[PDB]
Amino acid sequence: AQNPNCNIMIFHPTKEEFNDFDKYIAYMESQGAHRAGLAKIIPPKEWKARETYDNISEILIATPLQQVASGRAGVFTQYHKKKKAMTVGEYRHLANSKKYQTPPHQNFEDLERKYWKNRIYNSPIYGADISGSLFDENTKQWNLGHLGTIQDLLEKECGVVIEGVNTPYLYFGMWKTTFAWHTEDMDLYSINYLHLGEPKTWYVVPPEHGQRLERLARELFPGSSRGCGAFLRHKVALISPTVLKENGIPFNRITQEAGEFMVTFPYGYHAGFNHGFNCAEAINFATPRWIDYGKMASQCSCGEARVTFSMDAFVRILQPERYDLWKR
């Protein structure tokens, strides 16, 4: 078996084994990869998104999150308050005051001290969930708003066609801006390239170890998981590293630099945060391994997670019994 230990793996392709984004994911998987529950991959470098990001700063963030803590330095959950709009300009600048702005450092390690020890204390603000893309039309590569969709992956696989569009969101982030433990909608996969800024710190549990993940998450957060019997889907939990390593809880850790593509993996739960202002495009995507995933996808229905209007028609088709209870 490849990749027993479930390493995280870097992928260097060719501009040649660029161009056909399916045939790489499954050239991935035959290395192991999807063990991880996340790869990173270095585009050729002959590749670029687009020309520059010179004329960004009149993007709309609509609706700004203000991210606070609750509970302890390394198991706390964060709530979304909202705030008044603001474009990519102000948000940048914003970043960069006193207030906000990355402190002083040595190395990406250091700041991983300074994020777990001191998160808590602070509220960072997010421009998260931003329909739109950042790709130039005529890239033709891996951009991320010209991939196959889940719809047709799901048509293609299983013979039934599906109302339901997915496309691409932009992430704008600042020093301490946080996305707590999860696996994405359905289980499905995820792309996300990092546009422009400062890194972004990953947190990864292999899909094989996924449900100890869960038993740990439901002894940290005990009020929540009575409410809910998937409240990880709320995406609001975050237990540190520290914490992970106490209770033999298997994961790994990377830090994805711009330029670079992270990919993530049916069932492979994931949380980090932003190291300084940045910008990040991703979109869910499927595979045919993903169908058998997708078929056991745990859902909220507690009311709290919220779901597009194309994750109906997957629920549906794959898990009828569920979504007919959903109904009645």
Given for the second form:
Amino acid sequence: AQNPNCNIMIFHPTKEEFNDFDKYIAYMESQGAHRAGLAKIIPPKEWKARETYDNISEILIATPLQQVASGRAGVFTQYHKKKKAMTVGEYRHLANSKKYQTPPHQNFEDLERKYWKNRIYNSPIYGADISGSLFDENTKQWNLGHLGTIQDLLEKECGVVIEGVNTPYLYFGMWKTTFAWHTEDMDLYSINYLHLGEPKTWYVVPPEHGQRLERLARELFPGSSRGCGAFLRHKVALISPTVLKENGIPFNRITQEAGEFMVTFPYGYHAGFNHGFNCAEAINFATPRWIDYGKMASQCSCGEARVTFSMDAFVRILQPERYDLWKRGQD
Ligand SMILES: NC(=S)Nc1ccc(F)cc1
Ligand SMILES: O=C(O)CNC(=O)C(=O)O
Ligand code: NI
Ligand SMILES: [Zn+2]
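Moving from the form deposited without 1-(4-fluorophenyl)thiourea, what structure would you give for the form deposited with 1-(4-fluorophenyl)thiourea bound?
Below is the whole assembly, all chains and molecules, this chain first.
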């Protein structure tokens, strides 16, 4: 078996290899990349997402989110407080202000130490889940707005035609902005391109060990666990690498820099933080290997998770027994 230790693998496709997206995902998996839950893909030197990022300041962040923490440094939740709208130019200025800017640091490891020591004592503001794309329409390779849709994948594999669409989202981040431990909706893949700015550090649990993370989360957030059998779907819980190590949870970490893609694989739990002002673009996708994960995906039915329109069809077709209860939490 390839990659038995479930290490995060890094790929350097040639421009020829970068033509066929599906084929290269399949190649990565033939080398065992999915066992880690996360892979890095460095694009060919000849490739670019767009010409410049000089004219993005007028993009609107309609609902910036202030991420307010509760708990202890290594085990905490965050809730999202809605703030007034601001443009990307205004947001960048805020990110670079004395209150919010990245502190002096020696290297990525030093900054990581500072993040886990001090994150809970600050409330950074995130521009998340903004529908849109920064890929040039003439970019033909690995354009996240031009991927085959999940609905067409389900139709190709299972013969059922369903409603729904599948478009990218933009994320504008600043120092300490945080993404909580989660897998994707319906345990789908995700792909994330860091367009511009400071790095993003990722943590990931191998899919074959996801239930170990779930068990620890139930122990560490006992009230949340009683309230919902799938509360990590709420995307609000953080557990530090130190606490994961103390509890013997297998995981890996890696830092993504501007110009690099990350792919998360079905049922690969991940979490992380931004180093400073940046912009990422991400979208979910599927392959034939995903279908069995979609059939088995846990669901939140307590009402907190609240998902896109398009997940309805996924649950309806792949999980018909669960559909009645799930839809109740969504109305
Ligand atoms: N490459 C960068 S950081 N360009 C940029 C970012 C924000 C903005 F408002 C205008 C331009
Ligand atoms: O970048 C972020 O804030 C979160 N991204 C993801 O969880 C992802 O791409 O799957
Ligand atoms: Ni994700
Ligand atoms: Zn729930």
